[PDB]
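J.: Chain by chain, the residues:
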Amino acid sequence: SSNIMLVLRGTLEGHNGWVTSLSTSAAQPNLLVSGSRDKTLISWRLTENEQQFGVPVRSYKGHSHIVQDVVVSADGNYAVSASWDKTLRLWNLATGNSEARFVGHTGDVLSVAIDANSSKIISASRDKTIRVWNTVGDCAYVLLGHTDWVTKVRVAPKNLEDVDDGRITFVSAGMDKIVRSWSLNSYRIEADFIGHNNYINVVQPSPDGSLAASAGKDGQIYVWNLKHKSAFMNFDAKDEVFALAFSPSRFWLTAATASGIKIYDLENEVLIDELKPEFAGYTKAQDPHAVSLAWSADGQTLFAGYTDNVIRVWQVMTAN
Amino acid sequence: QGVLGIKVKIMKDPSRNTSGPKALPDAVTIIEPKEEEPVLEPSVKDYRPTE
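In the order they appear, the protein sequences are chains g and D.
Taking the authors' numbering, I'd label the letters of the first sequence as residues 3 to 164, 167 to 189, 192 to 326.
Quick note on the authors' numbering: the second sequence kicks off at 179 and runs consecutively.
A few of these clues could be false.
From the structure, some residues in chain g lie toward chain D, with a derived Cβ separation under 8 Å [as the list claims (entries may be wrong)]:
#1 169
#2 197
#3 198
#4 201
#5 230
#6 235
#7 236
With a cut-off of at most 25 Å between alpha-carbon atoms, the simulated DMTMM-like pairs for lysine to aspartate or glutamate come out as follows [unchecked claim]:
#8 g:181 <-> D:224
#9 D:223 <-> g:214
#10 D:223 <-> g:198
#11 g:223 <-> D:219
#12 D:212 <-> g:180
#13 g:235 <-> D:215
#14 g:130 <-> D:215
#15 g:160 <-> D:224
#16 g:130 <-> D:213
#17 g:88 <-> g:110
#18 g:181 <-> D:210
#19 g:282 <-> g:15
#20 g:130 <-> D:229
#21 g:181 <-> D:219
#22 D:223 <-> g:180
#23 g:223 <-> D:215
#24 g:244 <-> D:215
#25 g:130 <-> D:224
#26 g:160 <-> D:229
#27 D:223 <-> g:169
#28 D:212 <-> g:129
It is worth saying that the hints were derived from the structure and are not from the lab.
The C-beta atom is built at its ideal place from N, Cα and C for all residues, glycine as well.
In isolation and in its complexed conformation, chain D is listed as follows:
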């Protein structure tokens, strides 16, 4: 009875989109900081001197 028009759109996974940027322009990733211990006050750890 006529013609049907088909439009298909797929937004791929940006992380898997090789050969280009790997995220959206406004996608911001923040690295989680590492946790450390501060209590060691004097801590003069001498190494073997070299000359």
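Excised from the complex, chain g in its bound form:
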């Protein structure tokens, strides 16, 4: 069932480091902000005309070191960048100038998260701490509880929780081999998740906000319930799964293995497609794997940022 094929449609060249992270806003479907190892963000405007799927719009210089995680705002006009210089930068997606410079992390920041609304900034850093900031730039909360580096923090979207609660729930994980849930208004702890043999590289709540998908070094992908606080399922990737992403339309998990990109069909608990682009002049042992994955707003296109300084887009082309 669902004989869905996805074919590479364009390549977004222009970066100079590994495209570490990607982000896309639901409101604005034709804009894609990507941060790389070249200490710069790039805003891409997508064109449905011919080979190249997008067009760079603005480069955001101002970061001294590696740019690790990138997050765009809900409205699609602001972008928060986490870099390896222990600072966070807020950028206007049109002006190109920085608005706020969040400072206070003693370790280089690995991940940042946007609030569901435009209120709070959640950042994870190597200093074993999480920081909650206002949009102005000051740090409101210093959440502790992790004894090691925290690699990833992305918010669980409130879908239909009771009506309304005004409570901000997200997850955090890193080299503590644990996954933690946090709730904000106040701004304290929630349930735990301990399933990983090795350390967690990346976690990601489902688009609805009721499934949390975590991955690590051993390629053991775990799916948990947050609102039910229990495990949902478990798979093995048998390679180094660098990043993973849910899909808005389909019930899918893209996983960036060290060999290629797997897609797992969640309802059938079986992988369906494997993505391995064709390079040239290599030795098959160092083919550029994927580090960033991001689906489109509708769920029709997939952006993968590799280690060869390239974004590649796979458009869903169902060949019957």
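With the hints as your guide, set chain D onto chain g.
T.: Frame of chain g; chain D shown alone:
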């Protein structure tokens, strides 16, 4: 019958040499890793929720 010349050299303990570096330039110390147990597979240890 003449003059004797005395030269005295002492290399202090670098670990006790305060107000400066506490080791030789090529002295490398490696922290011994901590040993932990991995077997706990499901382990969803729920905490009391707060709001």
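J.: For the pair supplied as a hint, residue 130 (chain g) and residue 215 (chain D), confirm whether the alpha-carbon distance does not exceed 25 Å.
T.: Answer holds: residue 130 (chain g) to residue 215 (chain D) is near 21 Å, not above 25 Å.
J.: Within a Cα-Cα threshold of 25 Å, do residue 223 (chain D) and residue 180 (chain g) meet the stated pairing?
T.: Satisfied, since the Cα-Cα distance of roughly 15 Å is no more than 25 Å.
J.: For the pair supplied as a hint, residue 223 (chain D) and residue 169 (chain g), is the alpha-carbon distance within the 25 Å limit?
T.: Roughly 24 Å between the alpha carbons, so the hint for residue 223 (chain D) and residue 169 (chain g) holds.
J.: Just to be careful: measuring from the Cβ of residue 235 (chain g) to every Cβ in chain D, is the smallest value less than 8 Å?
T.: Given a least distance of 5 Å, the restraint on residue 235 (chain g) holds.
J.: Is residue 223 (chain D) close enough to residue 214 (chain g), meaning Cα to Cα at most 25 Å?
T.: Distance ~23 Å between residue 223 (chain D) and residue 214 (chain g) Cα, so the pair holds.
J.: Need the status of pair residue 160 (chain g), residue 229 (chain D): alpha-carbon distance at most 25 Å?
T.: holds (14 Å)
J.: Just to be careful, I want the Cα atoms of residue 235 (chain g) and residue 215 (chain D) compared with a cutoff of 25 Å; is the pair within it?
T.: Given pair residue 235 (chain g), residue 215 (chain D) holds - Cα atoms ~23 Å apart, limit 25 Å.
J.: Verify the proposed pairing of residue 160 (chain g) with residue 224 (chain D), using a straight-line Cα cut of 25 Å.
T.: With a Cα-Cα distance of about 20 Å, the restraint between residue 160 (chain g) and residue 224 (chain D) holds, given a limit of 25 Å.
J.: Minimum Cβ distance from residue 169 (chain g) to chain D below 8 Å?
T.: For residue 169 (chain g), the interface hint holds, since the closest Cβ of chain D sits about 7 Å away, which is under 8 Å.
J.: Regarding the pair residue 181 (chain g) and residue 219 (chain D), is the alpha-carbon distance no greater than 25 Å?
T.: Cα-Cα ~12 Å, so holds.
J.: Hey, does the residue 201 (chain g) contact hint survive, CB to chain D under 8 Å?
T.: holds (6 Å)
J.: For the pair we were handed, residue 223 (chain g) and residue 215 (chain D), check the Cα-Cα distance against 25 Å.
T.: Holds, at about 16 Å.
Of the numbered hints stated above, none is contradicted by the structure.
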